[PDB]
Amino acid sequence: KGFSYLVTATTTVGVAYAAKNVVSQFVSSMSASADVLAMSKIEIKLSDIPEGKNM
Amino acid sequence: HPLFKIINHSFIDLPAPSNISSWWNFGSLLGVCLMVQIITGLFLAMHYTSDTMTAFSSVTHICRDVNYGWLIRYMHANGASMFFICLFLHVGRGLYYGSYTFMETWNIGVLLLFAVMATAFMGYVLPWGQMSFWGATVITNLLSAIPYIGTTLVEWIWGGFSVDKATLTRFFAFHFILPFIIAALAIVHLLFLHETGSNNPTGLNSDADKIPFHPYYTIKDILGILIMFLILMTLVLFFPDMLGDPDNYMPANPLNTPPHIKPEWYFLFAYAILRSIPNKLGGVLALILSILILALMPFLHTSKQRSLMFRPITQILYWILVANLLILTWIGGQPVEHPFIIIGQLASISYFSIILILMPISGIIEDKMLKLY
Amino acid sequence: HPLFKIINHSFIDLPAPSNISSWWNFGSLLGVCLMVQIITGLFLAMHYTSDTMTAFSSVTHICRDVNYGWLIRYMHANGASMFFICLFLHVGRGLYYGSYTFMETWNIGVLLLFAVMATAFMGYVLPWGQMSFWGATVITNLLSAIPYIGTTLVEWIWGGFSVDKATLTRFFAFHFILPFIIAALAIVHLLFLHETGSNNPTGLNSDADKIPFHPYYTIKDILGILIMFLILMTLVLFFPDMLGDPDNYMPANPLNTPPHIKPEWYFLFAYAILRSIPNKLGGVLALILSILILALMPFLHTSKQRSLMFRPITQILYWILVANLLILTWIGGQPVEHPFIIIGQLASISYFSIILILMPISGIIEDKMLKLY
Amino acid sequence: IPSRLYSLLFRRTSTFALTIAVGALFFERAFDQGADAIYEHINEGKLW
Amino acid sequence: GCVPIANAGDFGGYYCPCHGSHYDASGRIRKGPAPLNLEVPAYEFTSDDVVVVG
Amino acid sequence: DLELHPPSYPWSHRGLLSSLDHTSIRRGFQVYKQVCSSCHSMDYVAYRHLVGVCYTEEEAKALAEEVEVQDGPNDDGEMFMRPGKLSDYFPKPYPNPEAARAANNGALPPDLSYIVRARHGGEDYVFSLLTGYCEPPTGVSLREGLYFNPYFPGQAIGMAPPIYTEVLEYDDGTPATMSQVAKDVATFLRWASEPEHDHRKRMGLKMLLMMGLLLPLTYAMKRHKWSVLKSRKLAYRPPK
Amino acid sequence: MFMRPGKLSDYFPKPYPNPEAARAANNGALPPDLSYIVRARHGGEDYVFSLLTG
Amino acid sequence: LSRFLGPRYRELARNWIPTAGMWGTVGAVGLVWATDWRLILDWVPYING
Amino acid sequence: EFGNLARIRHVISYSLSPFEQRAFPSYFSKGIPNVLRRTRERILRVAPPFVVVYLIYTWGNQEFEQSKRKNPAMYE
Amino acid sequence: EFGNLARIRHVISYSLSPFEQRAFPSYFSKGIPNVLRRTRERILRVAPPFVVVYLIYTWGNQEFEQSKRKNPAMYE
Ligand code: HEC
Ligand code: HEM
Ligand code: HEM
Ligand code: HEM
Ligand code: HEM
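Residue numbers (the working numbering), protein chains in the order written: chain A, 1 to 55; chain S, 1 to 373; chain V, 1 to 373; chain W, 1 to 48; chain D, 1 to 54; chain Z, 1 to 240; chain C, 1 to 54; chain B, 1 to 49; chain Y, 1 to 76; chain G, 1 to 76.
Some hints here could point you the wrong way.
[Said to hold, decoys possible] Cross-link-like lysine-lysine pairs, in silico, BS3-like; alpha carbons within 30 Å at most:
(1) S:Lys280 <-> S:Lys5
(2) V:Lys210 <-> S:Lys5
(3) A:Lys41 <-> A:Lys20
(4) Z:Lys230 <-> A:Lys1
Hints listed in this document are in silico derivations from the structure and should not be mistaken for laboratory results.
Sequences and hints are given; from them, build the entire structure.
Structural data, given as structure tokens:
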């Protein structure tokens, strides 16, 4: 029994490892793409705003 | 053909109760509305573009340059409104006549209700107006309430830091794909019901009086379809903007926020509840429970009579429940200021107390009056 | 339980023949491929834009900026190729083993085949490359062949004078919506098969030897799924473009025609036939018949034995049919010049004469050899 | 021998699942590590 | 997640027309149902005329 | 049609499990920047992509801040220009297709982003074309703005030899022979047409390994659950 | 670029090439698209009349 | 519930308890692994990284 | 299905052909009385919740207005 | 379903438990002979059509080339 089931248990981990990987990339696809992620360093001119104002 | 058997088994030789009123039409209307939505949605999909630069332009191109494209677009919008009208009356029929004792049918129903609400929300986001963008941010933000994984989930759905093209395109895909899942769930809904047959307004065993469906409840469904089409076309051809918001006819400005943010009217009852609870999380949960309380409904039936035809105290409590559901629909519309808030808080307290507490106690009292308890 | 009953009767205990070979795996593979396509298609739909200015840009954005977006796109393309491989082997199994005597199952099958070919054609139009645009114009032009209403129909589909954005957007809508109709037609397919049960390679009544499906043909389908996934991932991760057209990586230039225009590997057999017939209309018709001849197949069975396991002359004719199907696939690729044309003309004549004439005459001769006729 | 294993982690289905899950949790670590070694070495001098 | 409207409200800072959250000039939530103060991005005051906000 | 079919070259990115040489991609990007960018465009490639391929973040920015880009509308509404950003795409060598057509004697230098993928046997073709400007034979005559490149369709490419030995100097110092330059730019263009070439092949190795484990096993489980029947020994014992 | 007399297929001409020019020319205010103004303004037809006459 | 406040009912549960815990354990391990939860995985020496 | 639905005994059931009977026998003759009969058995259970919804709605509106109305005493 | 599929009589059927029997009994021992046995019963029906497909394919290619090749005598 332990020989036959160990094969079932072995296979499972393997499938389990692939299944998490497949599902992981998919899940990851909906995450932010490279284009958006690459957003930073907005430049702001202090002179633009005077006291009592928001921009 | 073997299929003809299935064709007959569910629509021709199906034994139906002879005394079911016009309310039993409504579910069939929902199915028709689903098809109508799908058909109109398909004819919106041949010209709509899910790009934030071109979504509003594509919608205006549909309304102005496609032959009868305004007709199909406003049929789609007012058919979503008609879908929610028929859905609310279907759920009210199920609550009033004790049809929730068909527990599997009821649970597949509340799953269908959740799917339809998600589909309508993403569809309202789809035209990319001012109101759609601020509405999306708002409800997507609702998710952030989650205690630990909230932020991630929100960002996932948005597909970025804030709703932007990333969202619009995936919302187009999801809004396209969910009504077919709704159709499959409706097939499961019909199956879980034929195993038990429909209920009657008296709530009694109608096995002694059943009639065919082809000549008796088919022409009745055809007449109900004709009346629903009359109301839908007088909503489309005469008052095409009485249910929508004017601010959705402006383009989506992330810099400009509207002075008052609403979802469309059928989300209002929920909106009220959310606003009522002070805690953000509390609101989200209560909101969910608002819909989920229904699923919980078959475990709260403590009466020996299935329907409310012979139960006057629970009839009074039911109409008070419909009354403060209308009150919560009104409050959602009202802005945040006295005394709209207090009503909202009470109305939510009264809603949950009538569904959770008052109806089983009233059913116990009604059983005591008939010398049954 | 009325939802689980279906599975028990259909997937867990269905009485299946004990001796069906690996070819009977293929249809289940097709179902898996359908889901795979749908899943990958959904994850292409969250970033694809059906605008002629932005379709190629959205496809490149999927391949370059979406996390593992190249993986999902090339899985979708090579899964369409795997779908057609499994479809051709499924149809070849049905032709070889006499499974076309299940006539309703066969007719629902050829309807599914037409729907899958239309879905793949519009999907190949969708990335809006050079090859997609010239390919679309070509087949849309095929319709113009219609004797009287052809021009109108073509213009209708195109939605304008010539394929342009009008087409792309409606092709996106139709390519989105048809695989769900394919799934429903597959339910009707398996349905009409449940009423009969599967065939076996000997072609005999297997009622004396049937086994369950859960432990015997489930692990077999799991192994076939694993092997098909191995071939699909070695097609995606190692030779991704081996099954594509380099000219589809250029943007669509309505002004220029890629010189080596050719339909994908699976449409070639048809392409050859179309090119073979001199008359345009003739080509279109023959093309259609090419697929339709199959539907016609259950009325051409003149043998007293269902399968070809014990029929060697019709086995030889079947392998000659597979041979000139491969020849027609090659010819389609070859350009218009001697002697590719003549082969095409003969190969088409031999294809229609083997299916229409030679196999029933051979079955009559085989019945005469066994002292049956 | 496996016997000891079987009677301990492979005979009770609950434990069967436990061994599977735990093994899978670690397998990824090992597989990724081993696999990377193979790939990187094959292309050593070309990475980065 | 709405936009607070600057130069409006009962705390001379901000007001969000969505549910009535009043933020002071510091952007701290002072009245209403907003849970936490507005976020301050990690900017950079390179100059009294140049500020690199994240 | 009748066209010379470029031979197979022993590249390194061909190996089933072999990744692109990244020094060659860096050299080919230098070749594109100094030679090919005057006429060809790279609309779907932006500096950020390079990061993690042959350049670091800071270096990439260096590259980015070494070019000028327009910057939408000014507050005044007047379009202005800015130092290139890691988010900026590669600059257009011609604002509009017409400009390119005009400058390049009617020829539209095709965007070299997917050229390798768009040209049959691209990597080879590219190398061949760039290294195939041989003299037109007797009997063929080409008009101005045309060149007899056997590989090019029609053997009349508008582009002139774009690579003269020592056309540009490789920063790495590797001798800038015409070939060393054509091989580098073919590797780079290849990379351009498939920035994921390396990442994919890794998965491939991994997939094979997994199948090489799961496939054999799934077979043992199937043969366990099918042994029962495959050992069935029928027997007919009529009453007799 | 080049300018040509409008065609029946031409849309109505822009007053400004971009909204920031509208901000610069209208003292920081953006005059909105009047295509759907009546539909976008609550009680638009009335509002319009009232505003223009108010 | 009246029927579930029972002596054997309790015995059954007690006998069932261990198995139940095992299942939760599998899921917990599963969730940690599937989500690649690093807060938890950071504890494991080899799994780290 | 039909035939196995239920067991009844000695319940005779007479009926007429559609074309043999008037389509709308005494439609407004008794319809009105009945509709009215119906409304008086259900009006006391149905109507007073919606009546107090109308009162609460009006009240809210007016109260809100008064709330908005400037406090004369304030600012003076 | 099972139980009503067919009528057989006096057909005894012996079998063994999966774990009691070797997983791959004589797998390559007889597998090879059998696979070879199989190939020789089907090769004459299967292979010669694909052989003449290979000949026609090559022929077409060559013939096409010759067709394309230039005849020097043509120009004179
Ligand atoms: C850097 C060494 C390169 C490389 C690798 C290529 N070019 Fe150019 N190119 C130019 C023009 C005007 C054309 C079009 C000419 C025509 O169509 O007649 C091209 C074309 C190409 C191609 C496409 C070939 C095809 O079959 O379509 C390719 C692969 C190519 N080039 C490679 C102009 C120029 C330049 C301005 C003088 C220079 C510099 C380059 N090209 C440089 C390169
Ligand atoms: C599979 C079938 C469907 C398709 C293909 C589809 C497709 C579309 C498309 C393309 C749009 C954008 C065009 C527009 O702005 O109106 C849209 C909008 C919308 N859809 Fe659907 N739809 C489908 C089914 C449904 C269903 C079942 C509902 C109801 C739950 C629904 C609700 C909406 C709503 C509310 C909008 C927004 C309408 C507006 O702009 O005001 N759709 N749909
Ligand atoms: C997607 C929209 C829906 C469709 C298309 C649909 C369809 C149907 C149909 C055709 C019927 C049978 C005819 C009838 O009795 O009216 C029915 C009955 C029923 N449905 Fe739905 N339904 C929908 C939503 C719901 C929801 C949301 C619920 C749960 C609240 C629900 C619960 C029920 C119940 C309990 C019945 C039994 C009626 C009775 O015997 O009293 N349905 N539905
Ligand atoms: C409802 C599910 C599906 C959706 C949402 C979907 C969506 C898409 C989208 C957005 C594309 C364009 C992206 C790309 O270029 O690859 C596409 C391409 C394609 N789809 Fe689908 N698809 C679906 C199902 C299918 C199915 C079932 C087939 C097979 C018949 C199929 C065959 C194709 C093909 C051949 C392409 C072209 C791939 C290429 O660019 O080479 N799709 N699909
Ligand atoms: C859309 C793609 C298709 C799917 C998903 C599909 C699905 C299936 C499935 C699950 C089975 C049962 C398992 C099996 O015997 O392989 C089956 C059997 C069958 N299918 Fe299909 N099928 C497809 C296409 C076709 C086509 C195009 C035809 C017609 C040529 C066809 C005709 C049959 C027949 C005759 C059987 C019976 C097999 C036998 O008993 O010998 N199928 N199909």
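Problem - Indices of hints not satisfied (ascending) - result: The structure conflicts with hints 1 and 3, although it agrees with all the remaining ones.
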